[PDB]
Amino acid sequence: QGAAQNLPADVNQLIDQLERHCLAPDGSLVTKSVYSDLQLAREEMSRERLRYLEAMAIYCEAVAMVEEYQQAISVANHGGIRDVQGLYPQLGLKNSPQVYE
Amino acid sequence: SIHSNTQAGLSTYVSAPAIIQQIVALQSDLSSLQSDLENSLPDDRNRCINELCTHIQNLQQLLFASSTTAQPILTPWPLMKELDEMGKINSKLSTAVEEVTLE
Amino acid sequence: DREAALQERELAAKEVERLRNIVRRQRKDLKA
Amino acid sequence: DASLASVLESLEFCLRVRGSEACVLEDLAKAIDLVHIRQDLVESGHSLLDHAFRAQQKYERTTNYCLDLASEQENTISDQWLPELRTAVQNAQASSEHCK
Amino acid sequence: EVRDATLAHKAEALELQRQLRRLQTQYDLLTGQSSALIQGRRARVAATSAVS
Amino acid sequence: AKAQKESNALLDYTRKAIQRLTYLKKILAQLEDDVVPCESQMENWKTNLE
Amino acid sequence: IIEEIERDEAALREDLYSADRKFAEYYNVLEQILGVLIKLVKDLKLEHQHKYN
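Residue numbers (the UniProt record's numbering), protein chains in the order written: chain G, 6 to 106; chain Z, 464 to 566; chain R, 119 to 150; chain X, 648 to 747; chain F, 104 to 155; chain C, 150 to 199; chain A, 266 to 318.
Note that these hints are calculated values from the structure, not bench results.
Check the hints yourself; a few may be wrong.
Claimed, not checked - One side only, chain R facing chain X, incomplete, derived with CB under 8 Å:
no.	residue
1	145
2	146
3	148
4	149
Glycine included, each C-beta is placed from N, C-alpha and C at the ideal position.
Use the sequences and the hints to build the structure in full.
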């Protein structure tokens, strides 16, 4: 009975220890390539996600700048409540985009 | 699944054709010890450690009496006089038996 | 020291009952 | 694939919220360094269902050989003590014979 | 004896102690962690109905 | 908690062996002390055979 | 991530080893019962009473 208790642990340990040495072969790197790729994401972060966290500077509101002119007239059609406020946000606050356009 | 060697060497290129087999395959693996061990440790430690629990206290005071007073007592508690006095005459006075023959 | 160890043993053991079901209820619903 | 990865461990509900989005952490390069030392040590970690039996079979059975077996050679003979008494009480009456 | 058992029981206590606070914090922090990015939807959707 | 903590709650009696089975050291010793009187009935009585 | 990933591992890793360290403290007292001659004092306890009992 006691040896039967260890059997699920016994069958595990047969290849468990070798699977560290099996990690380098393809038996693991088909998924575990990230270790051989050293954080396969981008080798942590040096520049790649920097190119997109720099986009948070831009696509969030600095890209809202150019499309705000289109919204102002678009708001003027269906959003009549904000039609008056469309000019202040786009034609006045985002007027600095006129050079940037 | 590390108990198997290709547990990671096969998952990706079978998931794309068949996205049902591998996901439940790892589920069956990890659950091969959650209900066989993790949900079955409570049942089996009330039989194994139960023997450990009962014996360890038993081994110290009661089975101690059933051991220390078993091999020199349980059969021989009246045979101590058949153990020591037997050695008093036929082992200690054993050389003294030759005394009558010698003198 | 056994009696001192005995009183602290049950409190060190009573936590298991209160650290299974609430865990069985939270980490399950910290996924929704 | 995204849903079935998180819902992969529904039966292994302990690993389910654990295995919801684990590899997004890139722990497959870090936690895999820990699953290895975990699994070669399953001979102790999971195996504590047998360690008590190992506590029993490897050594406590020997303690039973020290304690239980010290009576196993006399427990059945405990009934033989009754005729063995007749061999021993016959010595007791030998004390009574020299009383007079 | 129970002093040795306390180690088997303090581990039966301490090991499970630093996880309830984890979940309790999770139940008080993860309820809004995912919502901390949904609010950006409005900024990303306004002009989607414009260029089209 | 369902794997070892239920066992560790049961394993406390195995921890109590540091009082019981340490007493078993004596049990394995005070009975070992009895071996010398018990060794007499064969080892010393092997000479008694002649 | 570095501390917690191990901690998430060590959550299930060293907790299942918590009893294991205590088995060793029970294995020695299992063996230290006249450890110098345990095998002779286990098959017979009394090395000679079991020989004559």
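Tested hints:
no.: 1; hint: 145; result: holds (5 Å)
no.: 2; hint: 146; result: holds (7 Å)
no.: 3; hint: 148; result: holds (6 Å)
no.: 4; hint: 149; result: holds (5 Å)
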